[PDB]
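K.L.:
Take a look at the letters that make up each chain.
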Amino acid sequence: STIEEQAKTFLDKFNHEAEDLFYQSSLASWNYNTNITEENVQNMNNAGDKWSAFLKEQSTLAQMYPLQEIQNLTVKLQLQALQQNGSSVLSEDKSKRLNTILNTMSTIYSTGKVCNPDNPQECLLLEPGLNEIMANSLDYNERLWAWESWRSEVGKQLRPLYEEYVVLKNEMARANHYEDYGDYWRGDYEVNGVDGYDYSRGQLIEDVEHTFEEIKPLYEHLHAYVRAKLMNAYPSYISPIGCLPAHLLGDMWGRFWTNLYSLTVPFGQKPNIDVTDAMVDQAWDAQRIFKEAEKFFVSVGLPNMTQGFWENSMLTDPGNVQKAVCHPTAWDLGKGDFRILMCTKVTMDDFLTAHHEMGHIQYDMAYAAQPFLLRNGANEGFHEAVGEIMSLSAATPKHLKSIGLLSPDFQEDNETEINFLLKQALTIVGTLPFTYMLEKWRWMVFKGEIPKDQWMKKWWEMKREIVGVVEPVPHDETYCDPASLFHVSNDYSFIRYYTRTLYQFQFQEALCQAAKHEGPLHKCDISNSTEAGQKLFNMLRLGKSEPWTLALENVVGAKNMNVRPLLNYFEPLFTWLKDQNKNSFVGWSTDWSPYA
Amino acid sequence: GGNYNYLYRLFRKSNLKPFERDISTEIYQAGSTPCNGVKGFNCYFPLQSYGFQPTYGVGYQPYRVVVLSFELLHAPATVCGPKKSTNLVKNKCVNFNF
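Protein sequence lines, in the order shown, are assigned to chains D and A.
The opening position of the first sequence corresponds to residue 19 in the authors' numbering, with each subsequent residue numbered one higher.
The opening position of the second sequence corresponds to residue 446 in the authors' numbering, with each subsequent residue numbered one higher.
The hints are simulated quantities; they were obtained by calculation from the structure and are not laboratory data.
Heads up, some of the hints might be wrong.
Stated by the list, open to error - When the alpha-carbon atoms are kept at most 25 Å apart in a straight line, the in silico BS3-like pairs for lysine-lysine are as follows:
hint : chain 1 : residue 1 : chain 2 : residue 2
1    : D       : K94       : A       : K458
2    : D       : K74       : D       : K26
3    : A       : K484      : D       : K94
Unchecked claim - Footprint (simulated), chain D over chain A, 3 or more residues, beta carbon under 8 Å:
hint : segment
4    : 447-460
5    : 472-478
6    : 486-492
7    : 496-510
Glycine included, each C-beta is placed from N, C-alpha and C at the ideal position.
From just these sequences and the hints, can you work out the full model?
P.N.:
Next comes the structure, spelled out in structure tokens:
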């Protein structure tokens, strides 16, 4: 008989129970986070696995449906989302050991302990402390010692676990008809629907290389400038012919270069824009911050947050034994419940964090009309892009001036704009090559092109070739540097942090295009521009209902993820660097080493 | 904790007629295979209970609805309302509607 018409009844039956079950589970998790106490633990757990106990049969029941002839795009998409069996494709004896090995790597990576040889009774962890040892310090011996200790006492035991984790994950992918698990990560970034918007899993590999060669000159110039500043700070330790070490970047893995901003200040006479003291003088509390964050969203055209968010959600000051987590998060519990979990203070960083959380919350309610299974973004890089857009547009000095927070008689010039631009670049453009390198290495080690013995040497060689960083100490095959990272052993995709950035400026540019502004991209604001409210909403009101290839068409001119505005956002910085590093050779040579 | 005492019909072969109330609890059969009063491969329960909670947003809260439908059969009218009247003024030539 017919199968297409009887799948709708099953979909509705599943969704009706899933809505309130997920609502109750999320409410239990929210209660546990808001109240850090034993009473709210078991119940939360009593929900969690219970949802899993409900997610299997609905996945188990999604095998009798031959999803190869249903002509309804939305119904087919929902059935395909429900048809993924997950980890229920391998044998139980291997599944239990995979779960055990995942648990043990999660526990071991979070309990790294390194003791100084001179004082063997003082071991530290990834918690601030050992992190603070090199987070803010001007030294070469202690930073290198901490790096070596971390990569020898946390980078050694994770390697054998990762060795079997790779093969088991690849075999699971093969059981899921994936030749490699990179395809599993690239399944979401792929659509097989309307003609003309088709995308393939293998297209991402070539397209990312296509979109990475246009920023190489700017990254080389910034690398040369950072190297020259390091020479001015660390004499006779960084070779002009070579490049900078890994521990001197500012982070143990080079993910962020913010720690090196103080050592690479172009013009120290002009201070950075700070109005925190002004906020204190103006008596700005958490409520004032939260209501000022609302004006920016409502001046573009976005609706107002409904009643209950100010009441049900925790806002500030957990205070006494009623402990709550201060990590800023936005929770969409469903059935019209949206909440924020953050600790507010008087800080422009806190203002930007509140704006980011409001952007996430607005994006979440934007696709609220979608069913339970479709209230998700097209890709992982859309939520963060939307959140960062409002932080970008609220960092303009014009916005602070217009909201009565900066002096109307301000005399901002090119020097302070360049300083803020470089401060921003040390965080945004300085992490794209490292994320690229990590994702590429993970994909190529999951593909099995290299043997088991060619693991560390190739990783380090590509680090010198792409990032332009040499080895602080020689590394043998028994070590494992990638395993000493959060998103390498927790099964988290790392390309998520890359494409989003490629969108952000793009979106901003398009939003700037819909801003009636002339001049630099960084200065233009989406505030006081209602026309951009609906256009952005076109991507907000879709979510998973439409493919990302189709989604990237109502705001930006081209659906391709070509990184055009990156070279123009830092245009004053680029033309200043062209007039700065004339006497320093740009690039790096992969023969010089700190150890020899 | 979720008020599950309010139920709504979710599955039925055909729609309701105007001013019709159906309280049938037969196991709906979306597919072709008959079920002997049990759920299964294509059989589901027509009635589903709500999970209303005070934390539910606007549009998901419980809402009491009363519909007053007037009938005007040829029998003499019985439901007639406001009989607003004026004051009694006498000793003046006036028109009246007692």
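K.L.:
Next, verify each hint and record whether it holds.
P.N.:
Do the hints match the structure? See the list:
| no. | hint | verdict |
| --- | --- | --- |
| 1 | D:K94 / A:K458 | holds (23 Å) |
| 2 | D:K74 / D:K26 | holds (19 Å) |
| 3 | A:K484 / D:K94 | holds (24 Å) |
| 4 | 447-460 | holds (count 3) |
| 5 | 472-478 | holds (count 4) |
| 6 | 486-492 | holds (count 3) |
| 7 | 496-510 | holds (count 8) |
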